[PDB]
Structures are given as structure tokens and as C-alpha cells.
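Presented as C-alpha cells, the chain that follows is alone, the form deposited in one PDB entry.
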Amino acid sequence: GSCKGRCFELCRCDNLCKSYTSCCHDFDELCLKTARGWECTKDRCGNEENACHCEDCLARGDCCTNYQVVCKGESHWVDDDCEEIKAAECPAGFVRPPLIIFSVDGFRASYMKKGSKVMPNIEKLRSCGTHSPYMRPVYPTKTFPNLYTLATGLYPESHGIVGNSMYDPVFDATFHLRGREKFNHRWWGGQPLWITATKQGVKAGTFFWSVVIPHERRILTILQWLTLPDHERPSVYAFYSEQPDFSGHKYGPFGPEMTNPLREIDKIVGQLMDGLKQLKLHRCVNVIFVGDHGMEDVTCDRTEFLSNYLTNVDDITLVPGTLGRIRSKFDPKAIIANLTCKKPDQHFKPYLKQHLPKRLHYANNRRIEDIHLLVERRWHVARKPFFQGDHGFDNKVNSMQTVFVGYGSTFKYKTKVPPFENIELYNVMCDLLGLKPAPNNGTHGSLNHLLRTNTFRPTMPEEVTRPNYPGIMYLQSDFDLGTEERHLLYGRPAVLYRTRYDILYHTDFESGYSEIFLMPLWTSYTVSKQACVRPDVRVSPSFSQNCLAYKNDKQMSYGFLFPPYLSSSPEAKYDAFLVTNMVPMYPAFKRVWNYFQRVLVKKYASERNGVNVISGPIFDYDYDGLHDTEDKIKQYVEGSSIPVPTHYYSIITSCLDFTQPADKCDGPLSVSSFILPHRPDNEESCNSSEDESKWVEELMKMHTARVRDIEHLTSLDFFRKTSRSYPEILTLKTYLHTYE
């Protein structure tokens, strides 16, 4: 067959044809041709063996991108001023502004420091369009998981691409970057953007490009595709390049040999932005410049070897690198424990996947091995005993952060927006295309602030179950054991599921007591900068815990949600000790909870001018990130109907303008939050032998989390009574305090 006239169409001649070993004899010959390169000069401003031409040129659409610069005294896009775009400016027949995605492997957010002397083109877009300081990628910080994330709006665990390599026990087969297995669709869940477009009437350019097609041919092909007639022309495109990833691996992020690759990339953007101008589309198309992950210093010698910890190490399969994954070849607890805290300077930590910090959302897929290692930034982990950079580490590490830039009619003009996570982009790009997004993990409306106009105006979820407000019904003999002004500053959480619960009023605190789970869903109370279990007479004993259960539990103890130690008058403390405030806690936990309630809260209140605290339980025995229903709960207090949480949370809110007391706050809010794993021992904190001042705060930071995360795990809805706009609040709720 032949590719005569078929090159990079939509025996094959399309841009994946190599990747499948199946292009026509003359594909290379007719389609990949390089003579005289890709930049016009005077000498040739007057064939068919060339790569781009300099007169069926603009007409047939294979000019070199510089043509009108070189041959018609037009200024490079780069050289023109920054002109705002009040509305898109498209040729007729363009029913909507096209979207072009310029993605780059391994582009670290700080590379943008390097400046317009190396990356002027890329720098015009940032300066001129919409940008943020950096973008958070997903764990694991590797190419294939983050690209599909970007394409889906989903965490890998949901989309199924949980690593560059993976084994699916139900399929019995392994996925690799090199190989033909990846091509099988069965690996791929969610709905990538190209599929969402197609289902809704919008044609898609190809999102993948074979290795062989040089970067310059990829841009020409995209620009060519924009010249097609109305009913064949796609409205969305992606360019992809494997830079800066490739050279960062060889030279390391802080290599000065990184200037050149950043130069090369900035030239390709230039081609593209020149190329658009040439077609008069440079004020039509929205462009997204976007990375998949950062890059970090990593050298051969900083490799831990499992062989140093384990006896039978030939008994295991390790996915190695900047993360570890272990399973059996053909005792889990003994391997975990054989790797728990054996050196003072150990550069990794083992986890039962369900024990990894929830913000990672990395456990709910059968391709995620129970045994997981978090390697330390700058380190490697191998099985047994060239490059200077790598990545894949925890996605809260600064070296792993990456880039976003929006530039176009729909985007905003010279606007800076706070950093955000790549799971939010899907919704946006759907907005930019008037497409209904498929269900995903982005919170729609969190990134409306990036856009001139918004077709999507978010609304608050309807409350599902209404609260009860009980008064004194019962009398203490009936049992058998053994204010909103001050404590509820953003309205009560809305319960987004079916149960029965009560609101409880007190001098020091308010709560949301569950007659089903026998404990508060939440407990809110406020602490200023300068600052025995008895029955609760409003709750039927049938829906009340008992101390008999606890006395009878060999392991389980109990704690309070609102702390006794922060009481306001000896009178008031009697409330701290109500059965309605009491929850199950392992003593290994209590140390942690106690430090938080009795040291760290008053400290947080000194540092931020008061804080509003809402704490509560979380149950996620299935580790799917969602609030558990009863059937799922696998553990109660001995002989009782009293369920044991998997984690506990707190939400800590104040005033961004810290000159204002957390309760006399008129403006934006400052929020931090955690989800602490509820475990029988403190194996996880290698320094937990010591005073709590030497390891708790470290553990807590590791388990920082977004309020949104808390909402999923609770089906509560927070912050519904403020003076801020709802889209701002979504922002507030998507925010993660990273401590990096």
C-alpha cells in the first residue's frame, strides 16, 4: 500500500502507525522527510523532497512555520506585545475555540525561574496568559499515571494506570512501558478527554505520537489539521514531548546542561505560536502548556538494597526505584516488620497500602500491591546489588511539582492563580470545549477562577438527612454505662447520606452525634490566641456507648473529641466527659491525639490568632476513600455495637488576614487539615520511643489532607454559611497545606 497523500491522516499512514509496526512501505519515504530542516531563510523564499516549503505553501498548508517572518516581514508571535482577548477571534466555520495541549515530560515548576533569555516563547504565555506557581501531580509521580490522570480527572487507582509497570492478578499479565501489552484496552478505565469529546459530537486530534516523528513534524501536522474543512477538523489537540524528562535523568534537575533542552522546547513552542499566527489562529485557540511531573537529584550510590534487610529476597518481586512495590513470586507482616525502622537514617518506609496517607488515594485497585515503600526524596530502593536525576516520589515533595499555563480567549489575561492539582484540569478542559464531563475526582468549580467566562456555575449539595435538636427526655437511672456564634462559625456540616443524628449544644463545643455510629460525626469548637464518663440525658441509651465494652476490650481504650483539658470552667468540663463525646482509641493513638489536643491546638491558636477546630471519626475499612456504610465495618469494641474508626480527622480554620481573630473574620479563610490513621502501635514513627515533641508533629504533617478528602470519606459538606462565594470555598476545600 502507499501513504501518497495520506501522511498523518485520521496499511496505515497515521501518527501511531510506527508504534504498531504497520505503516506502508513508503511511510518513512513520503511522510518522514528532513531535507533542509524546518526554518525558512531568504535563500529559499521562492519542490517535494523538502520537509516544509517556502508556492502551494499557505494554500496547501506545509509552510515552515517562519515563512511569513522570513519571506513577508511579519513579526514572530514572540516579538509582538501582549494584547488582551475580550472574545475569541476565529475564522468562520469554527463553531468553538479549539484547544491545543502542549505537554512536556518531566518539566519541574522551578525550571520557570530560568527566564525569558532561554524560554522566551514559553515565558510570553505565562506572563501573558493564566499561570500558577506550580501544579501538583499525582502519586506515583511517573509519566503514565499522571498523563492519564490529566486525561481523566481521576486518581490512578480509579483509572487503572497505577504505575509505569503493573501486574493485574485478574488478567494474569504485566503492563510495561516497553512492550505490546499496554495497547490492550482492558487496562484503561475512566473516560479520557478524547472519548468525552467524541461522544458529544466533538472530533479529536490524536493525543499520542510515535517516537520517530520529530517534534517539528508534530507541530506542522497539528497546524495542518487546523486547516481541514469544518466537518473533519478536530477541535482538540495534544502535542507531547519527552523533554525535559530525558535529559534531567542524565544531568539532574539542577544541571546547567538543562538550559539547552529548555531552549529546544522553547523553540518548538515558538514554531507552534508562529504557526498559529500564520494561520490567523493565534487569537482563536486556547493553549495549555502543562507538565506531568518534576525531577530530583538521584545517583547510583544512594540506593538502599532490600538484600540488606531480608533473608529470602529471591522469594520476592520488587517494582524498584523512587517507589517500592513488593509481592510474592509464585509472609507479608514479617516483611513489613523486617523493614520497619532498622537504621536511624533509613531512606524509606514500608506500609500496608491501606496505611499510606490518604491524600495519596493509592490503594483501591487490585494492581496495587498491599506491600508498599515510600522512598525518601533523593534516594532509590533496589532488590540486590549513568543517571543523575529521577522522580516518582511522594507528590508533596517540592522537586516533584510541575507546571500549568493557560493562554487564550477563555483563559484570563495576565492572571496569577494559586497552585492546584492536575486532577482538576479535566473539568476545565471540558468547560473550554462545552463538554459535559464524565464523573471524575476533580471538584467542578474549583478552577472557574482561571477563566474569563464560565458556562458551569456550581451549586451546593442538598442536605440529605435533617438534624434533630433533642431536649432533656431521659433520666440518669435509665442508663447502664459502667454557642453557634462561638463554636460553629461556617454553619453546620450538611449530612449527605441517610442516617439519624442529633445536634448537641454546650458552652465549649457543638457536635453532630450519630445514633447509628454511636458517636459524633463531627465536633466543632473554637480556641482563642490567649487560652469519669457520665450519661447524656438527651440520647436514648439504646443509641449510646458503654464503658463495659471498653473495660472488656483487651486493646481498645477511649478518647474525647472535644478535649477536657481545654475546658473553660470546672463546671463546663463535666460536658467534656459526656458519653456523647467519647470515641474508641488505641492507646498508641491517644498519645498522638493527646498531644494534638493539649499542646498543638493552643500553639495553633497562638500562631494564627485563634482557630476553629472540627474533629471527628472516619471509617474506611475498604480503603476506597468513601464513607463506609455499616456492612463494611470489620471491627467493633468487644461485644458491642460500637464501631472503631480507621482514622480520625480535624479541620483547622482561621483568617488568612491573621490580624483578625478567627471569629471576627471578614475575608478569605485559612484552612489546614489532617487524616490520622488509627493504629494499634506507632510502628510508622521510627522516633516514637521518645517524647511526643520529637515525632508527633512529623507524623501529623505526613497525614495532611484536603477538606475535600475529608468530605469524601465522611459525606459531610463543610463551609456552607460564609461571606465568600461558593467557587472560592471549593478552592478552600481543594487546598492542601504541604509543609515543604
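Rigid core: the largest C-alpha set superposing within 1.5 Å between the two forms. Numbering follows the first chain given and starts at 1. What changes on going to the form deposited in another entry:
Note: rigid core superposed between the two forms; among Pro461, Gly115, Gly471, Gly667, the CA shift is 2 Å or more only at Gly115. Residue displacement note: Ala87 has its CA displaced by under 2 Å between the two forms (rigid core superposed).
Once both forms are overlaid on the rigid core, the distance between the two CA positions of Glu683 between the two forms is under 2 angstroms. With a cut-off of 2 Å and the rigid core superposed, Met700 has a Cα displacement that falls short of the cut-off between the two forms.
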The other form holds:
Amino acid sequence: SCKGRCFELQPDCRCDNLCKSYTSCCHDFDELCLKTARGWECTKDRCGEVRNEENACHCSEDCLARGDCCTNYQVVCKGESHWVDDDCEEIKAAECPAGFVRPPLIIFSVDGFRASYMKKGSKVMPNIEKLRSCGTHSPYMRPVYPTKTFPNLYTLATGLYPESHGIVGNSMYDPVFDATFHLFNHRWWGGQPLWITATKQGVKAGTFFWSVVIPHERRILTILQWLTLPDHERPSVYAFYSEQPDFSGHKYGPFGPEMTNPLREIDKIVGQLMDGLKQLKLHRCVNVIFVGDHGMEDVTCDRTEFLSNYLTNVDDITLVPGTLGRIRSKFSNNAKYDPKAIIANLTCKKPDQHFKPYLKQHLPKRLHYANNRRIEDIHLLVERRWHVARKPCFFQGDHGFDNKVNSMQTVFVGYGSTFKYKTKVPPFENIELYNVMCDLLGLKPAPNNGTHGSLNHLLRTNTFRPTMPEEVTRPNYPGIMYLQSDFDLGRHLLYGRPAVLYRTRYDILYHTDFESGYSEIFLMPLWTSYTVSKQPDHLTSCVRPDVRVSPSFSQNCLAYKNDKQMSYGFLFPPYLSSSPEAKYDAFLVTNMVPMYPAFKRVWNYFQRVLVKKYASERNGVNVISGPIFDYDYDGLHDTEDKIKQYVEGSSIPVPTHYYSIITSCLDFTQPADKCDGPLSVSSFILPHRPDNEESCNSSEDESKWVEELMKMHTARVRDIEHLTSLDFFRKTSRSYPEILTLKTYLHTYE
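Form deposited in another entry, following the form deposited in one PDB entry:
A single chain, with no partners or molecules, comes next.
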């Protein structure tokens, strides 16, 4: 029996909340623990009360002490007020009763709560509105790809991309075992979640999981109940979860009028939470995070592309369907199965095609969706509002699309003593929360993909002091060291010189129009920096040796002549040179990089047309460009070990991508090279591909397609730091936490 052991935190008859899922509860759990009687609200008559065990909650004078009161008791029978009726009072300091070592954290998570419901629900969710308004909040929070529940909830809790924590979807095929696994035990998965991190550091955690038949009102009383327990038992961190509004969203669509009740209902539970805390004097002591795993889009049966309309033998493939596609051979010894053919077959075959196929390594890097062996090589990015099935109602809403999509954005509100008061912060990525939650609990966070510091502007106190990483390889500064005859060939640095964070050998090179860091190992620049202010020739096939760099560690024009696939281009573009004299610097062999003919069309468009437009538009730009090597698609700078391809019969490694970081003043009335304030930045990581299969209008003028591809491969600065092992923005006039925020920014074009 459960006697009074009920909802306990720890062979026998079981009393914990998760027992009902494992069907291991004692026969009397439904009698003692899950009482439903009289409802979840007091009334005038209920007050002055027999502390009747039969009830769900009590309105007796006993009530307050035992810690099992109905959440609106004070409001109804001691004259006090609903917390939503009070005016925002700032909380300059945690107001906890004696013997609390720290402010409790309550994570209030909701499935499928799209960011728009905040504007178009103000009227119907007043308690949530009061959290938003009095607390700290962002316009939206960005989930991770894929925008599905389990992958997002576990990232939330761990700080890791799905590729790394391992929950890449609900069914996953492991080719090591040739078996499929259907999704819960935290422990077999990657990363350290929050409830563990806290436990290992002597901070007691409550459950982050509930048995679905336990109704929401009971879960709240349970948390308030636990909060009255004594110091040696009481947990410091708790978690509520709601399947709504995701559940109704699938059924009715995010804009269905049927959505209105479910949000009101979620708001009621958030009401009980606050009314309950308040009547335990804990409403200015606990920190609450109201947070969402992802959003919801309109998607119906009739918007469904079918693979059988593209592929000869569709019974030879296995497809995970829906708002993303994952394709895999169904049969093990099938020599008829050809990934290159499949992708070709699925590539721009209709003008209005509602998905695009990709091998995972060609997916835009911002998705971080490749480095896991249960991610099938062939992936389909599905257009928003659409589905993908194998071959030929329930639903009008779904999610799982590209996480830059708006319908997929989600919410974050931070209320409490440690959060700023009435503050609006910019949108961030949910991988950043794990680090913040550790901060609120005094924990050293486990290694994750967050960037610790980048969210210090959300917090009143408890900010941790991030430190710039150390240069690992100091630069060389060659002077004029060689003769033209030794060779057998054929202001611009506004934010600090970036710092090389791995062991290598590089020369820093200066020119009038640009500054560069040249790797004597990779035979090209690691980075090329140049400012262009707001305000040609027939030398195409000439290159000059750089006299500051030995011919051993320079590229040559023989390799590029004898490579019928590969060509070369410049990181600093000759077109932007400041004078006929200076133009010769842009043609130094130290400025060449390997570039497929197809990539040049993108790259020339960019250097010739978009940079000067960007400069006009933003009042100057600083531009840092370099190559990236990521052949193992793990999002990190490759070692020489990992390089698969080279320019014909040479040591010149071919980059898998090319980055650029484009930087200006937030105050566009000050030019780029004379800021006094915050910075503005947008970056991208363009894949380096022999063809333009990815862009459906590549046969047209670059004005009609290059800029669309670029928007698609937008990237955070931080992404490029991981992929290049550099560190940018080391010598600005801004604080290091502000700069971390700048670096986590991704410029979405929506």
C-alpha cells in the first residue's frame, strides 16, 4: 500500500508518479493518490472545512500547513488576490523562506506552442501574458532540426544537437546492427541531461516526466506539495509537461478556432501554478521558465508529394515520411540500389516541386544534421505546409520542417528572481537553455553545443564570467624572402585578427586592400579580411608568386590546368581593388583557392555584385572569407587525416565549403570602419559542389538564383569557428558576453 508514501521521489508496490506508466502501482494508488473529488477549485461554502481525505484538494484551516491546499484557497477565503490580478512588482532579490540554499527552478514545457500564439492569444492567456510581460522574454525561440518533440525536448535538457545526443527521430535504423529502434530511458542516450547534472552536484531534482493519465492540475499540486517538504528532502529543480497545444494543433491546425480553448486551458494551469506559489510565499522566490519544443504548420492530406511519381522502383526503398524524408535501401544485397540515381531522379523534376533532396553532408550546416550513423544518407527537406509519402482526414497541422521556418518558431519566457525584470531579449536557440538552467542552479554545465555567456543578458544575477579562448599557434610574419626566379608556377582588420585555435603554421600577410592568414599546411588562406566603404581588366589567367612565402608551400597553375574538373578563384576579389597598382596584390598565388566552375558562378556573383550592394545598404561592410574542410561532416575543422580530395596531382586540399562573415554598425549612420556601438553581422557557409543541382534555376542569370542559395546556407559566426578552429571578434569595444550573443546570431530571411 501507498499509505502516505504517495508521489515519492524514490521489488515493492510502487508510489512514484511514473509508476502508472510501468503498471507497477499499488492497488490503492487510484484511491489515495489520484483523488478527483469536488474538483480543483474552492467555493464560499467549502471554506470552514472537514479536512476530508475523500477530496482532491482541501479548503480547511489545516490546509496551508500540511501543504495540500486548493490553489485558489487564499483568493477565495482569506481575501487575498489572484496573482494575475496583481501589478508587476520587481524582484530585486530571492525571497525564500529560511533554509532554502537557492531559488528553485520550475520548467514549464509545452508541446507545439508556436510563437505566434503569444500575440494572437494575449486576450485568452492572461496568466502567461503576465509572465511574459513582467519577466524576461524573446519574440521567439528557435528549436533544432528536426522540429519534432523528442529531439527538441532532449536538446532542451542536454544542450546538444540531435546528431550528438542521438535522438535523431522516433524510429531509427542502425546499420551496425541492421536493426530499427522505436522510442523512454534517458540513460542510453548521449549527453548529460539537467536532472543528472544537478544530481551529480548535490542538488536534488524532481521528475521531468509524468505518467500521462495524471492530470495537469494534480501535477501542479504535486509540485507545490513537494515544495513544502523539508530541506533534506525538497528538490531544487522541477518540471511540468503538456501535450497541448500540439495535440489539438495536429487535429485542427494552428489557426483553427478550436485552438482557443486549449491555450486558455494551459493558461489556467499556469494560473494555478502562480496562485499556488503565492499562497506558499514562494511567488517571489522561484524562477519559472515557460518554454516550447517547437511550433505548428498547416498541413493537410491533399498537400502530399509521392515518391512513386519520381522513382521507378519505390518498393526497393524505405521512407520515413512526413515533414522530412529519410531514405534507405529496404533490401540488404540489392545491387540495383543507387543513391546517386535516386537523388538525380528526385532533383528539379517539376517547376513547383515541394521538396528538395540532399545527401546529409550537403544539407545546410546550420541544421547540424549529419554526424550520426542513424541519419540516413538521403534526406528530403520538405517545403513548409507539405508532406512526403512513398506512394498512395486525420490531421490539419504538423511540424518537423526546417527550423528557420516561422511556423516552427516557439516561445520562451523567464520569470523569477534571477531573471531580468520587464526585459525583452532577442531570439536565441534552445540549445542555449541548458547552460542557463545550470546557471540558475549553480551547476557547472556538462560539455554541450550551447555557448556559455551568450545568454547573460537574460539574467539579473548568476551570470558566469566567460573567457576568450587562447591562441594555440602564434603567427609567422615573413618579409620579402624569395626571388621571383625561385618559383615554378605557370582598417581591413576592424575586430581583431582572428586567433588560430589549433597547431599549424601560418603566415599573416598584409596588402593595401586586405589582410590574410595563410596556412603553409593547407596551401591557402585560413581567412581573408577586407573592408569595403559604402562609396575588371584582361588579366584573368595571370597569377604572381608571393615572395613572402616559399614555393614549397605555394600552389601552382600546373595543377589547375591538368584538372579538367577544378578551377581557381580569389578570396579577396580583384574586382574590388582600390587602384591599378593594388590590383596586382589580388592576383598573388597566396590569394587563390580551389573552386569548381559551378561554384565560381555563385562566388563571382557574390564578390562582383552583392558585396557592393551590401556596402551601400549597411554603410560599409567588413568581409572575412575563408575555406572550410569538413569531409567527415561532424561540423568541425578536419585534420589532414580527413581530407579526401586534392587538386590534380598536388597537395592542395579542396575545401568542402566557403564561409563569409559580413559585419557592419548597428547604427547604419556610422560607417563600418568607424563604429562606437553594437555590431551588425550576417554570415554564411556555402557548400563547394561540382554542380548547381541544389538550385533549380541555375540555368538562368545569377540575379534569379544565387542570392536564394545564400539565404539558405545562412550561418552563425559560432558555426564557422567550430568548422575552421578560429576565433573572431577578439579586439572590439564591446563586452565579451555581448560578442558571444553576436556570434550566436543567425540572420534568417523571413
